[PDB]
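Chemist: Residues per chain, in single letters:
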Amino acid sequence: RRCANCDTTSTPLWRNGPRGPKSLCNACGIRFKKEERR
Amino acid sequence: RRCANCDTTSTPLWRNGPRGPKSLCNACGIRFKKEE
Amino acid sequence: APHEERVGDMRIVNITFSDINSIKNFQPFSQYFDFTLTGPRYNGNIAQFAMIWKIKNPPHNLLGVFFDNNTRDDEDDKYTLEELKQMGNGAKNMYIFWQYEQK
Amino acid sequence: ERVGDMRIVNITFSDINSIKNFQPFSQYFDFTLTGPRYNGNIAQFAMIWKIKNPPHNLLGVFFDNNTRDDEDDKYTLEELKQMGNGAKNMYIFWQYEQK
Ligand SMILES: [Zn+2]
Ligand SMILES: [Zn+2]
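Protein chains in written order, with the working numbering: chain A, 1 to 38; chain B, 39 to 74; chain C, 75 to 177; chain D, 178 to 276.
Derived from the structure by calculation, the hints contain no laboratory data.
Hints are supplied without guarantee of correctness; some may be wrong.
[Claimed, not checked] No more than 20 Å apart at the CA atoms, straight line, and that leaves these computed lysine to any residue pairs for SDA-like:
1) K71/B to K166/C
2) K166/C to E156/C
3) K22/A to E35/A
4) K152/C to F70/B
5) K152/C to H233/D
6) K276/D to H233/D
7) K166/C to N119/C
8) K34/A to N16/A
9) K227/D to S10/A
10) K34/A to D241/D
11) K33/A to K130/C
12) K130/C to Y268/D
13) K130/C to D182/D
14) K33/A to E248/D
15) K34/A to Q272/D
16) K227/D to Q272/D
17) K22/A to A4/A
18) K98/C to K71/B
19) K265/D to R179/D
20) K128/C to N43/B
21) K130/C to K159/C
Given the sequences, and given the hints that come with them, work out the whole structure.
Modeler: Here it is, written out as structure tokens:
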């Protein structure tokens, strides 16, 4: 598995993203969730 | 006035507590009501 | 209306405000808030200023939770918002108050 | 030592790997990241936001509860001590040195 945003192979948790479930690393998935706050 | 438990001076309602009337802030007095 | 979630007979109402000060003027719900507390709270029963119990691990912009009916477990830092949605215990509406985050 | 009701807990470790044995710090630390991070909320491995201009040997900052503004390279350690926003403990993780 690889992060759609940062291309990392190493994360403690694969997270939801624009490209699908489990598509972002833990850091990018948390940034994404922050971005989607309204 | 100050809450005998948490020491706040701001509360929407002073409540009775084991130490005396109106001695607890709103939250502390609701917690006290819960624990008997 | 159509996009609103339900849990059993309970409707989940997410109402958004500019800030907690706006909620002070919101009848008939302001009377249940305790506006001196830090962090969002939920009520264990119906009573004035009843929303004092601290919600655990809250998400950003959550300002409080008001169950309009019945009673439930009343503990600080024990129930997350998701647990609370299963704790209506007969309430017909769960009002969840949110702060607007400007995008 | 205390900001309001929040306690400031400095903990010094033998190495960053030692944090893996610590509950509950091990479920919030993201060990794959470079540079010390803080959490803006409670979530799994939530310590991901970059602390600004971090002092040497700082490993991370964990706020035990509540939420705060979550941005990269915006807040210094000293700013973060004022941003508990209801957390009862702010844990500040340090790598020991021998000087
Ligand atoms: Zn990523
Ligand atoms: Zn009190």
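Chemist: Is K130/C close enough to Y268/D, meaning Cα to Cα at most 20 Å?
Modeler: Status holds; Cα separation ~18 Å.
Chemist: Hinted pair, alpha-carbon criterion (20 Å max): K130/C, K159/C. Please report holds or violated.
Modeler: holds, 13 Å
Chemist: Just to be careful, I want the Cα atoms of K22/A and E35/A compared with a cutoff of 20 Å; is the pair within it?
Modeler: With Cα atoms ~17 Å apart, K22/A and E35/A stay inside 20 Å; holds.
Chemist: So if I understand the rule, the pair passes when the alpha-carbon distance is 20 Å or less; does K152/C with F70/B pass?
Modeler: holds, 18 Å
Chemist: Compare the distance between the alpha carbons of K98/C and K71/B with 20 Å, and conclude whether the hinted pair is satisfied.
Modeler: violated, 25 Å
Chemist: Is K33/A within 20 Å of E248/D, Cα to Cα?
Modeler: Between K33/A and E248/D the Cα gap is close to 12 Å, so the pair holds against 20 Å.
Chemist: Please verify whether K166/C and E156/C have alpha carbons no more than 20 Å apart.
Modeler: Holds - the C-alpha atoms of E156/C and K166/C are around 17 Å apart, at most 20 Å.
Chemist: Taking 20 Å as the top limit, are the C-alpha atoms of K166/C and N119/C close enough?
Modeler: holds, 13 Å
Chemist: Quickly compare the C-alpha distance for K33/A and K130/C to 20 Å and report which way the hint goes.
Modeler: Roughly 19 Å separates the two Cα atoms, so the pair holds.
Chemist: Check whether the Cα positions of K130/C and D182/D lie no farther apart than 20 Å.
Modeler: holds, 17 Å
Chemist: Is it true that the CA of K276/D sits at most 20 Å from the CA of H233/D?
Modeler: Holds - the C-alpha atoms of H233/D and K276/D are around 12 Å apart, at most 20 Å.
Chemist: Taken at face value, is the distance from the CA of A4/A to the CA of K22/A at most 20 Å?
Modeler: holds, 10 Å
Checked against the numbered hints above, the structure breaks hints 1, 5, 15, 18 and satisfies the rest.
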